[PDB]
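Build out the structure end to end from the sequences listed, making use of the hints.
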Amino acid sequence: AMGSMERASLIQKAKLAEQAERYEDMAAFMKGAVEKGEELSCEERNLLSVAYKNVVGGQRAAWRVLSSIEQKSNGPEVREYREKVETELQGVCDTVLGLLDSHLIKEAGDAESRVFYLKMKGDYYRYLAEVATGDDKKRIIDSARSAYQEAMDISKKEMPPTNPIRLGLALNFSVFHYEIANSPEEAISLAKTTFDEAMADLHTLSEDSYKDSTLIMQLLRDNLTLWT
Amino acid sequence: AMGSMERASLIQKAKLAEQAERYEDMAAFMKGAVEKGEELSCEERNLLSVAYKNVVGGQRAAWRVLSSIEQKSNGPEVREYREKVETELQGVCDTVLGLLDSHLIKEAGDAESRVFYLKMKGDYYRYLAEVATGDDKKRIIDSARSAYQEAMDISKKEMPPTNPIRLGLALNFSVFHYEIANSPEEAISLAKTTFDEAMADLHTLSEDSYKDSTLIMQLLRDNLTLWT
Amino acid sequence: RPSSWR
Amino acid sequence: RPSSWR
Ligand SMILES: N=C(N)c1cc(-c2ccccc2)c(CNC(=O)c2cccc3c2OCC3)s1
Ligand SMILES: N=C(N)c1cc(-c2ccccc2)c(CNC(=O)c2cccc3c2OCC3)s1
Ligand SMILES: N=C(N)c1cc(-c2ccccc2)c(CNC(=O)c2cccc3c2OCC3)s1
Ligand SMILES: N=C(N)c1cc(-c2ccccc2)c(CNC(=O)c2cccc3c2OCC3)s1
Ligand SMILES: [Cl-]
Ligand SMILES: [Cl-]
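Chains as they are written, first to last, in the working numbering: chain A, 1 to 228; chain B, 229 to 456; chain C, 457 to 462; chain D, 463 to 468.
Each hint should be verified, as a subset may be incorrect.
[Unchecked claim] Straight-line C-alpha distance at most 27 Å; calculated BS3-like pairs for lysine-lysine:
#	chain 1	residue 1	chain 2	residue 2
1	A	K84	B	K259
2	A	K15	B	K281
3	A	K36	B	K312
4	B	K243	A	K72
[Unchecked claim] Simulated DEER-style distance windows between Cβ atoms:
#	chain 1	residue 1	chain 2	residue 2	range
5	A	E70	B	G231	23 to 31 Å
6	B	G231	A	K211	52 to 60 Å
7	B	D440	A	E70	30 to 38 Å
8	A	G75	B	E335	21 to 29 Å
9	B	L443	A	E35	46 to 54 Å
10	A	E21	B	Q299	13 to 21 Å
11	A	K72	B	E414	49 to 57 Å
12	B	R449	A	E21	27 to 35 Å
13	A	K106	B	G303	30 to 38 Å
14	B	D440	A	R64	27 to 35 Å
15	B	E298	A	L224	45 to 53 Å
In short, the hints are calculated from the structure, not lab data. All residues carry an ideal CB built from backbone N, CA and C; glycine is no exception.
This is the structure:
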């Protein structure tokens, strides 16, 4: 679809789409850029993430509204429409996972890029898990856990405790534990140790990195305040 | 596309889509309902209007962002992407105008329904006019004016001055005059006489209708405050 | 920008 | 609902 457009033009248009709040376009442009087969820069990885996070975020919010209405109802229309939204959401998740598997992850040698992509893999299996009920919920959950876990292992070995990707990964793995895996103590433990180890590393940072790191620490704090 | 779904199911799903903030789905469901060929109720007309207003609203907001960036630039990517958004917006406007012409307007006998649809026709030609530049801008503008004018004539004859459709029509025709037709004095005159004649009719209303009417009067006031 | 019927 | 990396 985007095969005839230059990689640089796709990136340029992804940035324009972001400015215009056109996130479905943004995602299509970044999918096209990925499919050119070259590795993505830090900025380009963030564009990919922003685009699909916003697309799937709208779908998740809609699915939750419909699922709640469906539950309250204990005709077939509510179920049909929830299924329609669910199938669209699963399709987006499948597309992202397909990009990671073909071939972003295998070509990511650096810790920064490999952790970023493995976090994404965990996130999009997590979104699949939120709507899963069939013979594959358990396998979907374990796929999310495995991706998050490999990202955690690399990030702990290769990144400082205040690195924003490491922090955002730990935040989301903690949400996985609490919301998906029915492991609230694991969730609380991870959020707390991540928060404390970041705090102890802030003294090494510039004013700019300090702001970057403390922003995500605030989200860890917010969840601990919700959970304890 | 929606041909196989029951009319009642389409309406039900349009309301669900609204609750889920899924306005493109909402519009597709209401397009399907219109294409069943039966007249639309007051509630159903509002569902149609809400759906396409929200869809085209996002497109207009995006187009304005891109057009401003394009102007600031005085490669082809910005123009290409603005054109992409513009073409999509024009397609939505054309779809709505096609529904009105096939055959909502001709089957609308009541003043309430006929004014509603003619206001919509004015609105969607106005949105076409916002992006128009070719040999047809003047004809597009005159198509908007003609539709608004016929709606005004009927509404003045058949509806009280506080009727919310009459008020919203006058508000939007006034915006047409100011923004599209380069007629700011006509715009100001229309907003003021509409506001004053509504004020003088409020004494006839219930508490509920009073709130309905004063809400739109506040928007007339806001524009007069911007313009005078 | 002026307000139209939201 | 808890916060994930917005
Ligand atoms: N277009 C967008 N929405 C973005 C473009 C870039 C970008 C990245 C690199 C170079 C230029 C721009 C973003 C940053 N992304 C992050 O995750 C991030 C979050 C917190 C703190 C920091 C981060 O990175 C460096 C420090 S966001
Ligand atoms: N299950 C646990 N790990 C905890 C049990 C208690 C506790 C509470 C009351 C009495 C006794 C123990 C905890 C106290 N909160 C923290 O330390 C904390 C640290 C960092 C950030 C935040 C925190 O709270 C909200 C935001 S954490
Ligand atoms: N689903 C939606 N978003 C809507 C459904 C209905 C609806 C209409 C009729 C019956 C039941 C519901 C809406 C009302 N629409 C208006 O234009 C309007 C605006 C201001 C004041 C009044 C109005 O109508 C009566 C009084 S909005
Ligand atoms: N071109 C015009 N028609 C006007 C000229 C002047 C004017 C201003 C200053 C000095 C002399 C004249 C006007 C004064 N505003 C109004 O009457 C009015 C009425 C209803 C609601 C609102 C109003 O204002 C903001 C909101 S309206
Ligand atoms: Cl459906
Ligand atoms: Cl384009």
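Do the hints match the structure? See the list:
{"no.": "1", "hint": "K84/A / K259/B", "verdict": "18 Å, holds"}
{"no.": "2", "hint": "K15/A / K281/B", "verdict": "26 Å, holds"}
{"no.": "3", "hint": "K36/A / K312/B", "verdict": "22 Å, holds"}
{"no.": "4", "hint": "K243/B / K72/A", "verdict": "16 Å, holds"}
{"no.": "5", "hint": "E70/A / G231/B: 23 to 31 Å", "verdict": "25 Å, holds"}
{"no.": "6", "hint": "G231/B / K211/A: 52 to 60 Å", "verdict": "55 Å, holds"}
{"no.": "7", "hint": "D440/B / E70/A: 30 to 38 Å", "verdict": "33 Å, holds"}
{"no.": "8", "hint": "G75/A / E335/B: 21 to 29 Å", "verdict": "28 Å, holds"}
{"no.": "9", "hint": "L443/B / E35/A: 46 to 54 Å", "verdict": "49 Å, holds"}
{"no.": "10", "hint": "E21/A / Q299/B: 13 to 21 Å", "verdict": "19 Å, holds"}
{"no.": "11", "hint": "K72/A / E414/B: 49 to 57 Å", "verdict": "50 Å, holds"}
{"no.": "12", "hint": "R449/B / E21/A: 27 to 35 Å", "verdict": "29 Å, holds"}
{"no.": "13", "hint": "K106/A / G303/B: 30 to 38 Å", "verdict": "32 Å, holds"}
{"no.": "14", "hint": "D440/B / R64/A: 27 to 35 Å", "verdict": "32 Å, holds"}
{"no.": "15", "hint": "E298/B / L224/A: 45 to 53 Å", "verdict": "47 Å, holds"}
Going down the numbered hints, you'll see the structure goes against none, and every one checks out.
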